[PDB]
Amino acid sequence: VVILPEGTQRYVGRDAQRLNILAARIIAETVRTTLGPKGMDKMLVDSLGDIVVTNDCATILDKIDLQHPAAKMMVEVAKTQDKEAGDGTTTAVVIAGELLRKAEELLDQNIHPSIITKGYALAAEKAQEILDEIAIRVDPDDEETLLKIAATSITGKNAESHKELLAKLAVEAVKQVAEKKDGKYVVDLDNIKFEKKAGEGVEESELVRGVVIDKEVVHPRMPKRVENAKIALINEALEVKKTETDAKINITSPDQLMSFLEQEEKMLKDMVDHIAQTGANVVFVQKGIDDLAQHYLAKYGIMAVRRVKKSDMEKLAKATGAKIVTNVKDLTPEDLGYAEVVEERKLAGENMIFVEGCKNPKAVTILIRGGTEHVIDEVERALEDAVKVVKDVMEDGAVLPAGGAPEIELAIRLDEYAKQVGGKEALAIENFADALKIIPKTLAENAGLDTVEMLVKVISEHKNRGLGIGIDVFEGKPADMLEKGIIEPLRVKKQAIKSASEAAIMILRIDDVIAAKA
Amino acid sequence: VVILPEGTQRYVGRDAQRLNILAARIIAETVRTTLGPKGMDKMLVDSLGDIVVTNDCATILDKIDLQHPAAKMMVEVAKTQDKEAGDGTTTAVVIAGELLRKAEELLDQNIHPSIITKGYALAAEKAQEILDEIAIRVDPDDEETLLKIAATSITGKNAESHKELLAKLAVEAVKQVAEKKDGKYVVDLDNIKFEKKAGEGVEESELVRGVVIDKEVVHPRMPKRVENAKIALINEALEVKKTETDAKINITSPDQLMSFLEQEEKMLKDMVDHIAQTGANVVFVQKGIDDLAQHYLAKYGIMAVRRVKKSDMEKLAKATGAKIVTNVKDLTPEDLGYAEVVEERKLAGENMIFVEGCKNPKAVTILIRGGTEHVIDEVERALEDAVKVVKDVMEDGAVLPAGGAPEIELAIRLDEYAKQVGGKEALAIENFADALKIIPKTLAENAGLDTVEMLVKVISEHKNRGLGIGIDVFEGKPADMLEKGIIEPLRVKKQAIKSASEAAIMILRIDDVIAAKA
Amino acid sequence: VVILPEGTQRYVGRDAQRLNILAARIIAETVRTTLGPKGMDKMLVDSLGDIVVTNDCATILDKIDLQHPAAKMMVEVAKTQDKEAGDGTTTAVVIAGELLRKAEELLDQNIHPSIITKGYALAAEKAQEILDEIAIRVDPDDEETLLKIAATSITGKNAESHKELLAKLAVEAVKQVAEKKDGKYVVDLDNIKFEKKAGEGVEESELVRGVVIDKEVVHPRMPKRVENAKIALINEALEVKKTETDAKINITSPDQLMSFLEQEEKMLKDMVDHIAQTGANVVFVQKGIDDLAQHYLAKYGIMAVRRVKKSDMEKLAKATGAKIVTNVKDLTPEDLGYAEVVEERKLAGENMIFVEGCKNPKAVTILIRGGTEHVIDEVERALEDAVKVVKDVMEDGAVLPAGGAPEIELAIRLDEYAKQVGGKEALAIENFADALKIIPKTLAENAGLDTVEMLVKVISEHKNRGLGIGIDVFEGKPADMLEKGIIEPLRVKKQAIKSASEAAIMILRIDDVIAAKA
Ligand SMILES: Nc1ncnc2c1ncn2[C@@H]1O[C@H](COP(=O)(O)OP(=O)(O)NP(=O)(O)O)[C@@H](O)[C@H]1O
Ligand SMILES: Nc1ncnc2c1ncn2[C@@H]1O[C@H](COP(=O)(O)OP(=O)(O)NP(=O)(O)O)[C@@H](O)[C@H]1O
Ligand SMILES: Nc1ncnc2c1ncn2[C@@H]1O[C@H](COP(=O)(O)OP(=O)(O)NP(=O)(O)O)[C@@H](O)[C@H]1O
Ligand SMILES: [Mg+2]
Ligand SMILES: [Mg+2]
Ligand SMILES: [Mg+2]
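Chains as they are written, first to last, in PDB author numbering: chain A, 9 to 526; chain B, 9 to 526; chain D, 9 to 526.
Just chain A, with the same shape it has in the complex:
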């Protein structure tokens, strides 16, 4: 009896489970090869022919056009991990897939999914308690640890050769814009701008304690450089203003043609004279600037830029100290900001404006250079992560060893926790624990090392030497990650397990898939 439209696909019971799990596993296997120091990159070409080259799991899954529903669900794991902690997007997806693979073994044994799910929930919740406890507490602004955090992040990506420079830029940027409420830091990454310009190489990238704007000085006669600049920030256009209410001039005599023309000329001139009277010698206008206004600005020796993006206006205010004024007439000297140097320079033959040497900038700019556009897009992505993990640590004065040390610590301990729980739930908890080993395993795998042996050695050494013991993919053997300065934010592991877990549990609870005809 026709219930569903023709074309509808339906999978139930083990079929639905097998399909969903295999799809999540394949997605995970697909990105696991990007994991770690020896992890490699992917080239993604969309339907329009646009090209993306990354190592970033979140970027990869967001780009490829996935069909299977379960595979789509995995994308959400990478996305949420990316928004919360920056790093660990590959880790969260890979663990989620392994979690599902280990669970099907129990499903094949006929253990009820509610049992597997209960076990996984207990293990995930226990894992958070363990992470909070083993986490190494540190000074939120300790520069050395911060640098280590950032450097660890910038490894296994094609800009690692400059990890020292890049890490240094990321840490300075975050600490500079970090807001200390009382004893805890808060960081708004919207205050750190990334400006990219192909040319030169990655080595030439730098941190500008101010703002770099992709704009030109509006008029040729205006100064191209201003030493101790007094910056004015106007968001209203420097043009003849018109009332909000409809209005029209009704002319009844010839002399009015000139009187109204002259009145508009005076209004334009007054605005500029007013700006000049504050002492400002540099002005950023968010809207346009009438030619007449430009001429007067130039006549006054004032450097002006029009059509400045709102977000840039805000960064300019935070960097220079100037206050954005809506109406030119409200502009006062107390509204002016400061910059050691404001100058129009060319990068790759393209004029740009630098606002540098600001006092205590609340907004900052990292100028990225590189031999090619693709290379520069990938450096920005590497910096986006570096900056997030540094932020993680400044807001959570906690870190963990890297190199799979944490997941090993969790596997050992969770396996012990399973024993105190007992029964079928214990089975699930042991599998959850075993699942966490894909990290060390894949780290070794991507490095071409014998995975079975590396595991035996690392777990054994870890049991003997403690928390910091992880895998050194370069030397191909266990090592103390803490001593090696190979660390990551506590938040990366915490969010990774939360997203991986709740998603695995959700997929494991599905025993019916009903898909309409596309």
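FYI, nobody ran anything at the bench for these hints, they're computed from the structure. Just to be clear, a hint being listed does not mean it is correct.
The list treats identical chains as one, so a pair stands whether inside a single copy or across any two.
Stated by the list, open to error - PhoX-like cross-link-like pairs, simulated, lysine-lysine; straight-line CA separation at most 25 Å:
| hint | residue 1 | residue 2 |
| --- | --- | --- |
| 1 | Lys331 | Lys370 |
| 2 | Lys71 | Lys525 |
| 3 | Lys87 | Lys50 |
| 4 | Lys432 | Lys367 |
| 5 | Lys91 | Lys71 |
With chain A fixed as given, assemble chains B and D with the ligands onto it according to the hints.
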């Protein structure tokens, strides 16, 4: 389990590396035949049937409709190299492709791409140190070296027959518009205009110390030639102005029909009278010029040109010393510029205006002639490179011998550097050094010389006589490029190695290619 | 000008070389994964849905539907290798592919193909002289070495589990049918029959010193088992004979209807009576046997089999000592053969005839058993190889160590030979030598070992300890293959290099490929 949409193609591991490297190598092989004094040209015809004949690598790769993603990535190397240094766009692409070719040998040897990549990064960085060290520091404005620089880039092109003249024009143009701030020059290429008219031959090309504009004198009665011109630059249109605010005339008596008409006439006449009264005998207006105004301008014996391009207005300001005035009302004698001669002349039966004999022009024009439009376009491309390299040396102040000399030096030193690094990384540094040899090799190949023997002889002589030893494709033997005066800017090699190596490394880290169905 | 038909595709020079070499390398790369103890198998499915699962390179290349000509040429290397020596089909293909790869490096260096080809031919001729010299002369029938040769051949294939048994069977079979003319053995493999029957396991396979035939006793009343059998072999049908010349009985009286009828009965009965009178109790007839004849054979207590295959008749003759007679009338007791037992037995419910316990059989049978038809076929393939290499050693009393030891010995000596030759030819010889290393290389690769390291260690150990040092893919380290008993026939290496060198040189000579539209 259908994960990716049908029609999606994917290549992984060795297959990915193999396909990406082959595509890049083929692009390099395609352009390497244009390299050097004996390099040949390409004829590119697009979908619409437009024809481009050139020796320029950037242009060639820009025009070709490339399909493969890796090939597309090779276009960026050429583009960045072009924006930053002008010359060496072919060199950068050829090195990139060879770098990849040498790397695949290590990949086939099973050496991890992470190691090859690190080795390549070490070599690239070391290469920059070496280049900075062997670079020959020169006088930023030394005419003789600047001339050798220009003449060197011009060789191997369609206009080489006239390299002497063309090198002279390029050098003179840059020197003239060059700005000294503090022992260091800065050059804005936008101040050098290229105007081209088919007719005569390339030999008739010249440098105009002012501006050449493709415009006519607006009114038949105006002077076609003005001696010691007093030039006025106005951007507002010479016409009845209207308020920004909506306005309309409400006529209530017949006398107003004439009074309002006479007021608009008076307004036009006043604008012209005001211009005349400043003493200006030549006026360039960015916008339009009303017929009545043209008439009064003609009555005053004032030559006028309308709808002048903004960039041209700016070049006129810089060359004549005139100040662009927005409103006629603000024009004054102090805004007027000077030109020994302003005249309308016909080139190949087409009217143009020459503003020549300017005092100390800050903007200049190279008038290009040629027996064909295609010839002239290519001569322009040759001049663009020449002006850029001349700029490189004035801004920087370092040159290098040419003829493959810098790359031989590099190969020789990187080989030793390899030895001090040792290990699998040294193997990669060695291959990187070997790759740099495609330059001398292709310089010889394009010349029809025996590549294997030329390389042996050049490398040997270079080890004996030093840095200046490179290949002489005319004499067909090693030679001191420095003695011959065959030099190139330091910036060319530095950028070429940076873009070539970062692109190669990036391509090398790809082990997964996923392309959607177009 | 249209010279070639539309649809025709052509590649010249570098392009032809690149395409041909790439196609041959890919093919080699496809089969190298089957090489050695850790090599795996392929499942081949044709268009008809027929399945072939094997490890045998010759079979793989034969069953796959190759398109590229260069790839098809590689098939011949495997086929010729297989026909002449049995084992080493993968080795030959893999070397040819590697040779072409190393050659392209020289082509890219602009070394003329005739020179590369010259060096390769010299290296290959030298290799044969080296193999003849280092070859270990052994006793043609030394069961000990023969057993090692067979066992070494069988490993690396499913059914290696039973290598001890299978090697034993292969050796006993060859030793038995071998004909010694004078210290020199000659073996005709057609004297060793392979009979396959699914059921039981590979372990139940056995050697029958006689013949097994897929046939039944023609008459139910005949004996199903005969102790000391006196075997008669007749190829003429036991039916009423007709003249070659057309003939027809012209009946003119009623009594002739019975007389001619009774005459044919008598002719038939006489044939049988004659067979019985010789003493024969077992009879194999190549053609048919009329029911009346069957009836009388049964009455006589004689077991008979009709429609016996010609090839089986020859095997029964050589095995039992019987002589095949054309006409029954020519049969004499001296023509009868002997078998300790001749019996019809059911295998997997199917009737078969066993002729076992023959005196000194010159034809023998290896009965293959296994739990699946596919297992059975792959076992037969393993036995075909095992039997061929045993044959190689008995005809050529010479062996070599395995584990890549031979190619390592050649690579070392050929590298020195190169220095003696010098010039560009030395470049090709050195490359030929280096190419031989893929054997040791992929042997290790398929084992998951670190290629670069294994090579360094084996070449080093080989230089210190000598000829027998190869790679022990099990212990994962260099070892003396001679001490380990891991050896191969001299003929394998000899033919491998001959076929691989001549093919490589042929492909390398191609600089123009012209293919018509199908
Ligand atoms: N020097 C190192 N040695 C060993 N392991 C390291 C090192 N640096 C980082 N790691 C580990 O490598 C993993 C990070 O790899 P990575 O490829 O960046 O993926 P991810 O962080 O999981 N996701 P994402 O960065 O968001 O794409 C973590 O498990 C780290 O602890
Ligand atoms: N007289 C000369 N003798 C020998 N080599 C020369 C000479 N003049 C130039 N070269 C070399 O030729 C190369 C420049 O060739 P060219 O065809 O202009 O390509 P490119 O500079 O690499 N790229 P592009 O200029 O951007 O099109 C450089 O490697 C020079 O060192
Ligand atoms: N125990 C062993 N240890 C190491 N190498 C071995 C061992 N046994 C055999 N070999 C080597 O493995 C190779 C044979 O592998 P195999 O997969 O049978 O391919 P092949 O003989 O080249 N061709 P085919 O005709 O398909 O069998 C030879 O180079 C042997 O010397
Ligand atoms: Mg990361
Ligand atoms: Mg050039
Ligand atoms: Mg074999």
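Structure-based check of all given hints:
1. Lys331 to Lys370: within (13 Å within a copy, 38 Å between copies)
2. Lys71 to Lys525: Both ways: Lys71 and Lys525 sit 24 Å apart in one copy and 14 Å across, limit 25 Å.
3. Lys87 to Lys50: both (18 Å within a copy, 23 Å between copies)
4. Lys432 to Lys367: neither (63 Å within a copy, 48 Å between copies)
5. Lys91 to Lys71: within (16 Å within a copy, 30 Å between copies)
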